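Single chain ahead, by itself, as structure tokens, in the form deposited without this ligand.
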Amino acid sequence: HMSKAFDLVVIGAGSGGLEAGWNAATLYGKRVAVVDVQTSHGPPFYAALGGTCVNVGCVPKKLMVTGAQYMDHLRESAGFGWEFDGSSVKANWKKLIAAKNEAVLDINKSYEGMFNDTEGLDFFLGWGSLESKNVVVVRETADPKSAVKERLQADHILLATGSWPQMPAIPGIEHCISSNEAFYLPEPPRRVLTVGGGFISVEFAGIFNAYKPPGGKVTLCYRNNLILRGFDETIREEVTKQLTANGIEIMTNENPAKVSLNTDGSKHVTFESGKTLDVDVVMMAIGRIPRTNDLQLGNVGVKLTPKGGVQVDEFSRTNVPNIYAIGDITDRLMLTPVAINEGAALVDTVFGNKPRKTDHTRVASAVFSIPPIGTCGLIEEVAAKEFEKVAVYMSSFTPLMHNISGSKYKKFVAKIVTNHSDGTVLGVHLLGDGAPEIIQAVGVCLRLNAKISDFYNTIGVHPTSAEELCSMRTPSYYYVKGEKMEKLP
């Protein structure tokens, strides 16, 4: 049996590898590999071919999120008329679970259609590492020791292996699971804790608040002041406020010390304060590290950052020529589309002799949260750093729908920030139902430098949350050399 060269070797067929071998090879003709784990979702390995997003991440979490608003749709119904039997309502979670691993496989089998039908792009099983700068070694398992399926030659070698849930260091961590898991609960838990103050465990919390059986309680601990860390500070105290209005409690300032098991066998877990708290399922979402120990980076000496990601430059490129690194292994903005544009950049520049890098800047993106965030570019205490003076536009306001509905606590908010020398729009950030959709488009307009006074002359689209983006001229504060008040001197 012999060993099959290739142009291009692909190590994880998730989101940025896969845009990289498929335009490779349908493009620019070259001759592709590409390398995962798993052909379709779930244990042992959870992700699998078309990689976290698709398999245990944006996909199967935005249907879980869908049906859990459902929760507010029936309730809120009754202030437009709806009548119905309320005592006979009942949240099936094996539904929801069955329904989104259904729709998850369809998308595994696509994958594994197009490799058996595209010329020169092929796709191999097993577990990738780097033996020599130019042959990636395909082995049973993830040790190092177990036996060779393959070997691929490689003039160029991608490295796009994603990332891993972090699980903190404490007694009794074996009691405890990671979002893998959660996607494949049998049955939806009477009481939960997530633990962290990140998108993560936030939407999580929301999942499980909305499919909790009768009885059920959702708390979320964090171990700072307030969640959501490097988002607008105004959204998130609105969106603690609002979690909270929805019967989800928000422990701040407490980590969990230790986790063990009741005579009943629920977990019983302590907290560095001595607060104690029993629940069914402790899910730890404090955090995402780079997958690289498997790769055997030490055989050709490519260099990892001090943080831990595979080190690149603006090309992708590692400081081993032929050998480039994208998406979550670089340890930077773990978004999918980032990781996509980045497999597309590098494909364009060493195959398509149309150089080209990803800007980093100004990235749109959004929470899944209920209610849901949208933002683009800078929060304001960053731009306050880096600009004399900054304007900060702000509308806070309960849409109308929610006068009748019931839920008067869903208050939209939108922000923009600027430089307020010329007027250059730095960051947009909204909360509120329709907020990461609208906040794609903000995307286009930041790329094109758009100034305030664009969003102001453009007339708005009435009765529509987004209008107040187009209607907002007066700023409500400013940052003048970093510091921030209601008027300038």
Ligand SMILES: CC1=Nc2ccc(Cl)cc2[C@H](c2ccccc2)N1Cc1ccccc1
Contents of the next structure:
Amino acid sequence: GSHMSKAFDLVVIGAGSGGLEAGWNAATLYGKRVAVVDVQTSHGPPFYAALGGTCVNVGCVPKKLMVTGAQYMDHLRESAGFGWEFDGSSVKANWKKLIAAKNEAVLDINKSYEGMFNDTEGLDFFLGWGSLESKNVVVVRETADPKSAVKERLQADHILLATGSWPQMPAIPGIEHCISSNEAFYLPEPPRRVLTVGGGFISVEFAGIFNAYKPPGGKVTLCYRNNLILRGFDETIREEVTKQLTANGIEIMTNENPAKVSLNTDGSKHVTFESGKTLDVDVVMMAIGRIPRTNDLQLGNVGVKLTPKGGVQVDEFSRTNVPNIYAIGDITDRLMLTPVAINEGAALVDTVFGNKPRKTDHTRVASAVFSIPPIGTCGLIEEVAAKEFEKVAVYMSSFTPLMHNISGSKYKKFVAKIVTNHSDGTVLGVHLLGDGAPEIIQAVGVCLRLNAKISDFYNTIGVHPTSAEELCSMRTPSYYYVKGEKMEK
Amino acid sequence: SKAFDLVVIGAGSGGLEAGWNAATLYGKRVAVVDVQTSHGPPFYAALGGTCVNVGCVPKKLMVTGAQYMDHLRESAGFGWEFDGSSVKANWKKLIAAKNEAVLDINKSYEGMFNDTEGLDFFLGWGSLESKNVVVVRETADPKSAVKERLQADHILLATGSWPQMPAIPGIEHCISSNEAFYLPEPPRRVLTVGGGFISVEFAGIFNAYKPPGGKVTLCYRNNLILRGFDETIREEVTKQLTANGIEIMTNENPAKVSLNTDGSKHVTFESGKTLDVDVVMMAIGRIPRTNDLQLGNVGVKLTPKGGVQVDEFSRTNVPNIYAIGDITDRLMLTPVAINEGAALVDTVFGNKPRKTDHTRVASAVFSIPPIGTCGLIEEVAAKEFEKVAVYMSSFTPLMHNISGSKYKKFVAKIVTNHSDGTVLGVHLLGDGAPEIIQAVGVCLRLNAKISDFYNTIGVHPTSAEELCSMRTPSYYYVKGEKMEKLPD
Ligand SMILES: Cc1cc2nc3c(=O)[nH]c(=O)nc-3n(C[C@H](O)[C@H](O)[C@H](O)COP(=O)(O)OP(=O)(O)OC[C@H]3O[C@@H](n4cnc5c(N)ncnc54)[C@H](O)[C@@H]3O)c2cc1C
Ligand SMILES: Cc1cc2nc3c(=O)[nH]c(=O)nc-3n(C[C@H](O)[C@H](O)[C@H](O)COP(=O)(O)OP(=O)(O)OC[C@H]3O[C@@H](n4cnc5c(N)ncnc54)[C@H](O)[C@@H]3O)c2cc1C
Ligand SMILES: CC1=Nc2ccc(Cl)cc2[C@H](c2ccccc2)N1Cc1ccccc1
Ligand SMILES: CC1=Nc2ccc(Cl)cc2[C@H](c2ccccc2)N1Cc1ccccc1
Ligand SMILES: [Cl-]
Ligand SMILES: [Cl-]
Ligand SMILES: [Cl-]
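Starting from the form deposited without this ligand, produce the coordinates for the form deposited with this ligand bound.
The next block holds the full complex; its first chain is the one shown before.
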């Protein structure tokens, strides 16, 4: 006869930044029975993400290590200025060694998270592909093909969709000759010539990475379809980052977009842009965007509605149009950042299972770009602020620090900008570029949630000598926007 | 002509801020006096002050130089390969690059005087002749040729401080940090005497630039270095200096230093223990530089400590004579002195009176690895508040597991008044700590609570995000008593 399905208060689809924080909190804080589904228990091909999520397996965590590795190129050169001497012709960047180090580090996190499943009562992990068979039934199948064999049918009171996002690949001829960030983490050799396609943080970060590790006579090229990389970021910074990448030897192609790629005789790639221009490279890494990973969930089975862009539509509390079905993290197409997914999962579990309804605040969120040098930022850019306030003030400091006069890296301009509501002094945004920018910016996030005014920044006594003390020496606006237009008046 | 709205004795952090605000923001006629136009022997400090010439600015460059000892080694873990045995640390190169950068700052400060109307600079030694007279003499000797007398509406004392040298026999064979900046070769064996930030910072510099077989020793007369800093961090920095080869000799104080014929120094400690070194750098404290001012001539009051006494608005007992900066023997920090000077000018020549806030001042120690701190340490908090909670996070970041520097724990601590959640102090150890703390200083002006920190979304991956991931206290103090759990 028949026998019982395994049953849960909460089934989470995707063992990532957001779904792990939800699953953990529901099990350990509210004594719920939780199932969590993911397609792999450790990182890498075939599926790249795995137990742990995108950040842990193929984003924030391995990239940062790789960016840190890339920084030694600068450090070794800059040390001469302080008197370090050594045989410069003996220097070699060993990519294989970096990839192996990073692989070990990620696997340890993978194993560690599996151990925490094994050790936590009421928190179960399920290996495979999850989808919605009906409103309270989650099936887990062998592969993403909806006709592959069912492994388990889970009864679920509540279902959380947290499958994250996936790299956008444009439908152009030869797209199958390109890679994404996923494969970039697994290249067996460092590419000699690479094109990173796109202007966002992922394209920019990997360009620096590839730039540090490329072999003899290699060349890194980045293309973006518009005028100026890093759309969404402060404008001075977009321009500074452009020049500083260039200065470190990276070719920026603005106003270009690939129209197709063919394979050369020798296995390299021959890229033709929309403009008629061409470029031959060993690697084409597409990083033009990430799209909500919804295709495998079978949402039609239950009528979960999407937005026009393709994300799962949700209210401020992460609820879908179907009761007992929720969605958080990249699948919702808000801010695609790990600590927002984390914050979203926690808020959702407080709301549904705790006694503290709460909604995630998506404004004033701090974030970074680990370019070399990095960007740290929190809040509104000046052109956004000008459109929402009658009188905006901009304070700006920008100078090559002294250490970098001695180091020889003179192109390294530090930029600090504070954007105010000039009617009351409220700080709306802070924008930084230069060494340590991502660390400086964290407590600025706390500042904005405290409705800090410019006078709070300037009244604070500086720590000397730092870059950060620039945020506390600015008293006079560099310029303003008055009902939409720039001046010093 | 020889009459000025303001005379500043000491062209330093505090004095030059005051000298510049008065002339540029108020149109006052200003005179500033200093002993030397650029850095170095004989007088070390000069135009720019201590920070520019023999303090924050050159030491930060030199600690920056010292960090490459770690960087070169840590690079192997990330796949970098080069001939380790060809590595050499060239001190003369470092000192020459430091000297050039500092000289550029002297020169550009000289430029701004020459180009600025009613801001005048005078070479020599300033002393108070009468209430509205400042004499500039040739040397620090009262009895040497007068160079100028300047009539002064208002007088600012900003002569700063000077290394304290204890009266032990053989003190004359020891140096201070002043000479340390100009050593022609890096010492092979060096004893840094003091538990405070100059000693600790210099110990890390010498440790990196030391020749083969060299050894750095730091000594401190009490049990634990960095008195005044977070206890966890004091212990943790101690272990990480030891892991990088520096010897920490606590509970020891030099009683005698004698000179070997080969030029080395033979140090006898109070314990009767002895040690031989090439250089003994005394960094046991810094005292207010008041001896050459001739304060007797007008009776400006000094505290039982040596410092010019002042009220909150930098006023001495002699009307129209003010004191700011290390001469006041309070917080000896460049940006404080700068704040004091500007607040004083706002008060004397401006609209609104203004007083410097001495509480919640963020500061750093550029040790390797470095410290960033703002506000109260827990044991001081436990004396002023009935329930205090401590949130702590301490672990070796992942980059240092790959780097091979496993000993490098990052420490983050928040101290609250547990009754209302107000953040009383934050204390940090690890790469980035001086940069991370700056904006914490602002949070504390805004009376931030622990929940304001925890509710802010992290920037990931950073060390700083650790400040925004703490919601459960690690331990507490109740009525001064340390305990893990609250009692009820
Ligand atoms: C290259 C790169 C670098 C990044 N760097 C940063 C950074 O520095 N800082 C930062 O904050 N963010 C960074 N991010 C973003 C961050 O990774 C995401 O915002 C975050 O992981 C989203 O969390 P999530 O909970 O939405 O989903 P994820 O963490 O992506 O988890 C989704 C999981 O679901 C699994 N899954 C998918 N479909 C199914 C299915 N049908 N059944 C079962 N399991 C399924 C996937 O395997 C995956 O493990 C980066 C992203 C990338 C690609
Ligand atoms: C090694 C070292 C490292 C330091 N690092 C830091 C740091 O990292 N961060 C920080 O905030 N602080 C640091 N400091 C402290 C900082 O330098 C001082 O707090 C600051 O410079 C004090 O400023 P001041 O205005 O009181 O006078 P100073 O900057 O000390 O200026 C005093 C000036 O007066 C001159 N003078 C003295 N007597 C006379 C006279 N009678 N006539 C004419 N001129 C005279 C001297 O030439 C000197 O230029 C450091 C100090 C030292 C010694
Ligand atoms: C609290 C927590 N939240 C997570 C958020 C995002 C990720 Cl990718 C991982 C975790 C992690 C975790 C690990 C296994 C199962 C559930 C949660 N986890 C458990 C944990 C406890 C103590 C230290 C580190 C991790
Ligand atoms: C405003 C200002 N304050 C100082 C505080 C401390 C020091 Cl050590 C130096 C200055 C600096 C200055 C330089 C020459 C004369 C007076 C003041 N100065 C001038 C300046 C203007 C713009 C950029 C940098 C320095
Ligand atoms: Cl290689
Ligand atoms: Cl040398
Ligand atoms: Cl730092």
